[PDB]
Structures are given as structure tokens and as C-alpha cells.
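Colleague: The chain contents come next:
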Amino acid sequence: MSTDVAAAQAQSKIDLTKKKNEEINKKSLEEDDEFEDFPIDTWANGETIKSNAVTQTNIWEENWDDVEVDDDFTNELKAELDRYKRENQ
Amino acid sequence: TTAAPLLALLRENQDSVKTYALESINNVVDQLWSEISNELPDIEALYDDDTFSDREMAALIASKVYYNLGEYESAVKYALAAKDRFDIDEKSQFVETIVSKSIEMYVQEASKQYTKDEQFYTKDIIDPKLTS
Amino acid sequence: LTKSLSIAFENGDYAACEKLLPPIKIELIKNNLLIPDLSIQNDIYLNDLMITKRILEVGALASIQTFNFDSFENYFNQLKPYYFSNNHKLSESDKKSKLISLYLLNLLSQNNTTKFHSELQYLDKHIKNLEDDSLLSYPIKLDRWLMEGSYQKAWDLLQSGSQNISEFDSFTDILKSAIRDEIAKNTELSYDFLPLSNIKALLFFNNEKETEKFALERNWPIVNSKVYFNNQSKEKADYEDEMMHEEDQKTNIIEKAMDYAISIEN
Amino acid sequence: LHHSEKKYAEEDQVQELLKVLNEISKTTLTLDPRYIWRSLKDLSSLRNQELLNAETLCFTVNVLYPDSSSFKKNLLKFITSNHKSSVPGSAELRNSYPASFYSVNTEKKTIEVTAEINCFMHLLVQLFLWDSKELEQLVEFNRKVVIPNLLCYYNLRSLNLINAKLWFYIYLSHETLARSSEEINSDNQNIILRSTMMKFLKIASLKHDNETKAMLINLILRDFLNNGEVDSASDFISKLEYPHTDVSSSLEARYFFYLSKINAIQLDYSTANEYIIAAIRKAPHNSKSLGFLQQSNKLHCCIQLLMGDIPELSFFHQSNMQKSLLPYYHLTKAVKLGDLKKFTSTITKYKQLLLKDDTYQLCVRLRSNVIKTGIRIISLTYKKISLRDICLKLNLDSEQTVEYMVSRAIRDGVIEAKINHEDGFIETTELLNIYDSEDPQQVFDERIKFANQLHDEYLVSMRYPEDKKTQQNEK
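Protein chains in written order, with our numbering: chain A, 1 to 89; chain B, 1 to 132; chain C, 1 to 266; chain D, 1 to 475.
Calculated directly from the structure, the hints in this document are not laboratory data. Any given hint could turn out to be false.
[As the list claims (entries may be wrong)] Simulated crosslink set (PhoX-like; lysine-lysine; CA at most 25 Å straight-line):
| no. | chain 1 | residue 1 | chain 2 | residue 2 |
| --- | --- | --- | --- | --- |
| 1 | D | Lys333 | D | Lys393 |
| 2 | D | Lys288 | A | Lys18 |
| 3 | C | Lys236 | D | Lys418 |
| 4 | C | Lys250 | C | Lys234 |
| 5 | B | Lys101 | D | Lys349 |
| 6 | A | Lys18 | D | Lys282 |
[Said to hold, decoys possible] To list a few chain D residues with every Cβ distance to chain C over 10 Å, as calculated:
| no. | residue |
| --- | --- |
| 7 | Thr27 |
| 8 | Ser69 |
| 9 | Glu92 |
| 10 | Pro98 |
| 11 | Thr114 |
| 12 | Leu129 |
| 13 | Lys144 |
| 14 | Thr348 |
| 15 | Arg365 |
| 16 | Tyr404 |
| 17 | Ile419 |
The C-beta atom is built at its ideal place from N, Cα and C for all residues, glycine as well.
Pulled out of the complex, with its shape left as it was, chain A reads as follows:
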């Protein structure tokens, strides 16, 4: 979410009457939340959600199995292929 534990820094900073004006000044420097352009350009985004469920949309601990495919199906072919060559060598 943000650089560090993001949980530790959300609770350190909350709204006070002094702070509310500063949030508006920060927002207005760039002019809006900068969070509307992406909905507009794509017109209903399409993210990486197909590969697996540890992907961009994820609400659980990552498995780190989105940078690599399942190699077990390959291993099925490799194990058989070895036995054949092995046999007549």
C-alpha cells in the first residue's frame, strides 16, 4: 500500500481541525485525487486477474506464483521422456 508497514502509518495520522485544511491544500496542488483518469481512459479497467488469485486483485497472503506457471504439467512430460531414452542407453 505505502512504503513501510502501511498499517503502522495509517493509525499514526488522523483527522484534526488543523489537519483538515492541509489535506485540501495537498489535494488541490495536483488538482483532484488523481484517481478518476484511470476509470475514464479504460472505461471500466481490465487488470491482471486471469493469471491466478495472488494477482493484482488479492486480499490474502501472496504465494508468489504469478511470476511463473505451474511446472508440474511439464514435469509429467519430462519424467516420461527420461525413462524412454534411459531405457535403450
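Dock chains B, C and D against the given chain A, drawing on the hints supplied.
Modeller: Relative to chain A, chains B, C and D alone:
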């Protein structure tokens, strides 16, 4: 606007063009002080030369740049090395900081020179300019 | 008088430019007074701006053509704000596109890469697609190959860069040397010796006798046709130990322990 | 009808006036009026916006005016004049009232009380325009007046705090106008906007107010950043005058953001790491701050990829920032896996989106970082591997081409290997076990120095609120 031409005119070789450089730098220095802070030795070089009578105009610029820099003590020395066009800034209340720094310096010096003799301002013990 | 510089560039006599400039330099101040240096722009100032700009541009190319790189640096600085300030109705030239290509090569040849990236950030909005990269490709693509580390592709763009002459050869020939020194540094770390033949290919020469003479002057001995990169590195390192600033930069053991106790005890 | 409405806005404002006014005519109490003023702006936005737009003109008639009523008339005139129940006897609440400057005393003779009331009124005009979302003619007119206004008199400690916010609104409205449309005028005002702020910084050093100085440095730094002047920003931060004395944590966040971004393109990434890590934690963490925070998160990962280190894929997943963090996930993935094809496709596909956040120029430099990650993997996995195999694995052109890569990269220590040119392989030199070297000493000391920094920081600040609070009376 930009300091790039004003830096380049000091480096451009012709005596008239170097004098023209000073003229531009001195007029606009509250937006361009940062760039010409680095190229200060060129401003001191033209002041050293006796082939100019705007050697003073260069000394005046040096004080101005030091005032924006934050080095108020060294500005005084180059303010008094221009010698004229400093009355223009003695009646300026937005830069009377350098005018006041000369008096702050005088007080520290004077505590020393009173133990040499009670008179040091009717004698040459200190700069004549600081007394005046 | 002022118009003679403009027609002198057309001759092709570019040293005749420099010897004619000094009077034009004093007459250029008078041109600068006509424009306010664009703190307001009007249509009376528009015809004057072409006059002020024209004298800078022809001097800029003439100085590079006599190999006065210092003079060129000053001309570019003066010229830049004039393109910079205003809505376009005279803020470009046929010469501008060529001009920026030459300044970018000058920073690469002196190997001030820090200012090469800062300058192109500022340039980016004048050449994005408005003067689009059409000759500027030459320093930019070269920079791509040098960031990647492909000295190979970088060498080829220089080789094929002599077919097209605008005036770029005055910096192409410097850049050929810059590449050798950079490769010369990197190869010290890699290993301690290359045969002579393997040096000539990597450091880009056309004579084996050039290869060996370059080594001697750089303080590598070629003894039994093996270079000893490690000589110069020892020699540089010795020099550093020979000057003395040195005890505290490395920080003795005693010094560290002294520091701890006195921080506490204040 | 309208009369009732105008009286209620005026009433609500008299309360807010009293709070700050009573303190600053006792003697300046710089810090306390500052905090109240932050609260004041919020309430006034709701007041001004609702219950017709003629309340500001009425509020002027209530307080003293040498020319302040005349100036406020002109601004309302432009938006279709208003003078009804805006004239003494139907916008007058004073009639022998001393908090609004007893009427007898104002007729009688000289000494001014215009100062604090004028400055406060300017702040209300700026908010008034921004709510409307009209800038064009009214902004130019108000801008002309208020700058010579501040410099006609010589400001007090309290009066600095009011223009520390006034500049923010004149600065920002200009930036919108310049970005809306280009003219010969768009370039002309840019020159003026710089000149005034920079000179006012000089005055503000001598007046001893930090709040004005901190605001101006942010605004001046943003300006160099917008126009691509990396040269101008380098000089300004090297001729430091920035305060850490009296600021908001808002101002630290803006300052650290400009720093990190400016350092990136001139090929320093280590210090920019410090600045952007710092800036995110200092900023307030809220849903109305999402604009500024979103921009910080995007840059921070981009700068981690410039180093050659990799920011978590866990980062992009658990965020509620996913929609805007859609391009950065692919950019990280392209570098992480070290495939160059993927990276080329990605930065063309997200060209629009990155250009707005203008990381796009950094994206060009990250293609150097791709190949670094790609050969880093091969060296770690195979200790001794001929260049021949690397060509096969990463589709490099020849033995020479990858040779050059490694040769340049180990001068930097990225790969941390040595080449065997005679045998034709790269032999990795990382082995580990520096618990036989003297290395732990320097490492430990840098950690002790962080610990010692925390020891100083707490000691100073701990007693300071305690001493003011024991000063102040209590049971």
C-alpha cells in the same frame, strides 16, 4: 527571466560586452542571484582591473549577490568597494540590512581600540570609511 | 555591417566569420536593446527578434567549424531563452533543430553525463513532436547504447555517422576517444591480462602499434604480449595513501570507542 | 429574506474574527493564531458558499475601511453587482460597539487600525474565488492589488502567517491558467510570479517567521520542477535557508517530494530514497489527502527500480491504490524477470498514463536496470557459465556484447564478478562469511549513529511542551 545570457556575456570577449553584462546583472538580482553566485570570481576579476570605470559596478553586484546568499558580512566589504551607487541603497529600507551590518561591525572593533587610546576615530586606527 | 556576418556564413569561409565578429558584437548590444529580451512581445518586436536571433545562430555554427568549443557554449546559452518565451509566432528556425544536436554531443564528448540528462529534461518539450527527433536521434540513440552498456552498438552509430555530415564530425572524433577510455577502465576489474590481439578489438584501433603505444602512456607494461592492467591501479592507490587526510576518514578502533562514551556523558 | 441571510453570515464570522483578533492585539503569540487560522479556513468555506454570495461585501462594511469597501465592490461588480442592504444602517452592526471599533472613535482622528483587517480580508477573497471555480479576470485583478499591498506597510509576526497562505492561492491559480492554455501572456506572468516570491523570502528571513519561508521554498521548487529546470533547483537547495523550526508536517512532505524527484534525473538515487521514504510518513494519512499520497507511492517504487533493487509485488496487491498502481506492477514485473521484450511493450502501452505522472523520463533509464537484473540472475544461479550460454538464455547478440555488459557493470559492483577471457566464462566472486573480516565494525557504527540520533531527538522535545504547560496557570 533567465540567467543564461547574463552568465555568457561575462564570458564573451569584448570590453564593452563585459560592461554591458554588469548592467543587466545589477538590475535583476532578486531572481537570478543563485546562478551568478557560482560565477562570482568573474565579477571580482573585472573589479580588480583598472581598464574599467565600472569596476565599481562589478563590486556593487557582488554585495547584492552576497545579500541574497546569506553572507551579510562579506557583502559590506564589496559594498564599500563600489563606493558610489551605495547611497542609492542607504535610502532603501528593503536593503538597509547591509547598511546596518556596517554599524554592528563597528561596535565590536571599537571595544578593542578604546584600550589602545580613547581616540581611534580621530586617528587612523580603523578604516576611514567605517568611521564616516 | 551587421548584415555582413549573415552573408559570410554562406561563403563557407568560417574563419572569416570569427575575424568579422568583434564589430558585430558591439552592434549586437544595440540589437538587444530593441527587444525587451521578451518581457513583452509585440509585432514591432517580432521583426527585430529575427535580427537579434540571426546573428547568434550563424556565429554559433561558425565557431564549431573552427573548433572553438568554448565560444559555442556561450552562444547556445544566449539563444535558448528566445525560443523559450512565448506562444509560437517566431520561436523556431531551420537552424534550431541542428543547433540542439551539436550541444548534446559536446556534453557527451567531455563526459559530463550529469548535465546531459538534466539538459534533455528541459529540452524535452521543445522537440517532443514539434521539432520531432529527426537529427536529435544521433546523440539520443548513442546515449541509449551507452546506458545499456553496448559499446558495440555505440561504436556502429559513430561509424555510420560520418556518412551524414551536417557538421557533427567535430564531436564524433572526440567521442571515438571517450569510448576507449571508458572501456579501458572497465577491463581493469575484469581480469589482469589480455593478449595484444584481444586488446585491439575491444579498445577500437586500426594498428597494432597504436594499441601498444596507448598502453605505455596509460601505464600498462606489455611484457611477453600480456598487458598488466594491475600496474596503474596500484599506482593510483599508492598516491591516495601518500596524501594524508586519512586517519579519520577510515576511523580507527580507538576512535569509535571514544565516540560512544562521550555521546552518553554530555 | 436576503437581509436575514447576510446578517447570519456576518454574525458567524464575527466569532471567528474575535478568536484570532484578541490574541494578536495583546502581543503576538505567533503559534496559537496559526493553529486557529487552519480551523478558520474550513468554517469560512461553508459560510461563503451557502446563504447567498454577497456576504463578503457586507462583512467589509461592518469593519473599518479606508478603501477596503471600494476594493470589495469592484470584485462583486464583476459577478453582477450587489449593493442592496450592503450600506450603513442595513449592513452596519457597530453603532457603538467596541469589538468592531467604536463608532465615535473611528470618526474622531488618525491612528489606523486597518492593518490586520485588510490582510484577513485578502484571505477571504482568495477562498471566495476558488469556491466559485472562476479565475480569469477576477484573479488577475486581485493579484495586481494585493502584492503591492503587503509591501506598502511592514508586516508583523502575525501578518506573515496570513500571506504564507495568500501566496499559495495566487501561485496555484496561476499554474492552472498557464496549464489551461498557452499565450504570449502565459509566459509573461511566469516571470513575475517568480520575482515576487523570491524577494519576499529575503524579507522573511529578517522578520524571523519560519512559516512564510517554508511555504515559499516549496512553491519555488515546484516551479523549477514543472518547467524541467533541473539546473535552477540544484542551486536553490545548495544555498539552503529552509527551516525545520516552525512548520507543518504538510510542508515537510511537499519539500521532501520535490527533493527526491529533482535528484533522480541527475543520477543520484541513494539520497532520493531517503527523501521519498521520509515524505510519505510525514504526510497526513487520509482519504482527502489521496491526491498527494497517490503521487508519492508511484514515484517511490520507480526510484527503487532505478537503484537496481526491487519493490515488493506485495506492495501493488494489498493496496486500495490498485487502479492507479496498474502500470507500475507491470513495470516492476518486466524488470524483475529481466525480459527486455516485456519492458518495451509495457512502456509503450502505458505511455499516456506515465507521462501525466512524468515518470516517463525515468522509464527510459530503467531499461539499463532491466539488463542488470537479467545478468544478475544468471551469475547467481550458475557460478561459472560461458558467455555462450548467456546468449542462449537472454538472447544477447554475441559473446562480445555480454562481455561489455559485465565489464561495465562490475566497475559499479552490480554483478560483483570477474571475467575469465582465456577460458570463456564469467566466474562469480561473491562467497560470503564476512564474520572473518573486520566488516561488522563500520556496519555497527552506522547503526549506533541512528540510535544516537534518536537519543538527541527525544531529549530536546520532551521537556519543551512540559515547560510551557507548567508556566501556564493551573490548580
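Colleague: All hints are to be evaluated individually against the structure, with a verdict given for each.
Modeller: We went through each hint and held it up to the structure:
no., hint, in the structure
1, D:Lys333 <-> D:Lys393, "18 Å, holds"
2, D:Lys288 <-> A:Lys18, "14 Å, holds"
3, C:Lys236 <-> D:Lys418, "21 Å, holds"
4, C:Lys250 <-> C:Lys234, "19 Å, holds"
5, B:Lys101 <-> D:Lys349, "61 Å, violated"
6, A:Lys18 <-> D:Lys282, "15 Å, holds"
7, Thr27, "35 Å, holds"
8, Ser69, "34 Å, holds"
9, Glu92, "45 Å, holds"
10, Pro98, "50 Å, holds"
11, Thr114, "33 Å, holds"
12, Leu129, "25 Å, holds"
13, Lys144, "16 Å, holds"
14, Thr348, "15 Å, holds"
15, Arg365, "7 Å, violated"
16, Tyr404, "5 Å, violated"
17, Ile419, "4 Å, violated"
Of the hints listed earlier, those the structure fails to meet are numbers 5, 15, 16, 17, in rising order.
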